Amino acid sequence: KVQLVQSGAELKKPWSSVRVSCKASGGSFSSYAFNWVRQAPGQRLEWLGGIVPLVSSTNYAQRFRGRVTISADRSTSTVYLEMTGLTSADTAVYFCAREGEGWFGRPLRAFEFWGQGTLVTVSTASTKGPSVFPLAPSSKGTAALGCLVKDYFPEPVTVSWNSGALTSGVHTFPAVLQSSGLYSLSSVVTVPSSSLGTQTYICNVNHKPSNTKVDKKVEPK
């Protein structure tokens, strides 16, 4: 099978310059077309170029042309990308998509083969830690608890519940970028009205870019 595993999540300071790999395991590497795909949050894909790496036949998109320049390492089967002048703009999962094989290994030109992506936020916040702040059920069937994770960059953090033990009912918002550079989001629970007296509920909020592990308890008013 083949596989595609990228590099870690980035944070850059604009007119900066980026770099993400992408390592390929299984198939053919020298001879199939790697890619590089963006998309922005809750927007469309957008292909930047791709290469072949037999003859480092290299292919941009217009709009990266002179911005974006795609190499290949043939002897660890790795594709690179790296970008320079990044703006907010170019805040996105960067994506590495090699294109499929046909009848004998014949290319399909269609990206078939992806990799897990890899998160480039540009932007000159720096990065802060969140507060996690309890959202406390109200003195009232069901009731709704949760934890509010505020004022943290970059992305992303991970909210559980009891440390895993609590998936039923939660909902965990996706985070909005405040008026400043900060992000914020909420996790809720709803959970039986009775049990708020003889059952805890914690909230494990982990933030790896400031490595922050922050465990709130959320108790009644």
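Positions refer to the first chain, counted from 1. We call the rigid core the largest set of C-alpha positions that still match within 1.5 Å between the two forms. What changes on going to the form deposited in another entry:
After superposition on the rigid core, the Cα of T172 moves by less than 2 Å between these two forms. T200: CA moves 2 Å or more between these two forms after rigid-core fitting.
Here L182 does not count as shifted, since its C-alpha moves by less than 2 Å between these two forms after the core is aligned.
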Contents of the next structure:
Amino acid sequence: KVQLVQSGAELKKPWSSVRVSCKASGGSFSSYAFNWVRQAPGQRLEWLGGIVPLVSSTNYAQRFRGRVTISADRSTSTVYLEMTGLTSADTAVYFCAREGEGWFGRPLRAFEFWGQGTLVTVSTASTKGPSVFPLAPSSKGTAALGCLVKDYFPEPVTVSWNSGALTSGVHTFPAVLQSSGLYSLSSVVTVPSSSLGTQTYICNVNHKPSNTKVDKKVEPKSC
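Having seen the form deposited in one PDB entry, could you now give me the structure of the form deposited in another entry?
The following holds one chain only.
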């Protein structure tokens, strides 16, 4: 079975360069086309270019001409993407993809095999854990409460409630990128109003890039 395994997430400053690897296994390598495609958060797929290793033939999207270089190492069955001149417009998940193989070994051109994706974040920001602030339930039969996971960098964070015991009514929203260069997200849950005096609600936040784990008890508002 053809498998493509990419290198790990990358954090880069603007105007620096990034190299992403893609190691292929489970078939022939050199006579098939490998391509790179990216996807900015919540946006469409964008083809960057490709290589045919056997003949050392590359092909690049005109909007990246000069910034993108693709190469291949036949001895290790690995294809590489190099992108220079990085800016925040290049923050995206980068995928390697290989064309399919049809009947009689015919190459299919369309992209049948895909890597797991590589997040590349381009920013001046430094890695930073979140502050976790409570969104306390209204002092006034359903109540909404939550946690604001603020000013972390880079993506991603995970949020659970009561160590995973509370899942119904939970909405953990996509983060937004603030003008500070830092991310913020909210996670809310709707619970019975009558449970507010008796049940404890704790949001469990994990930001693996900074090794930051926070538990925040969200208590009814009071003054």
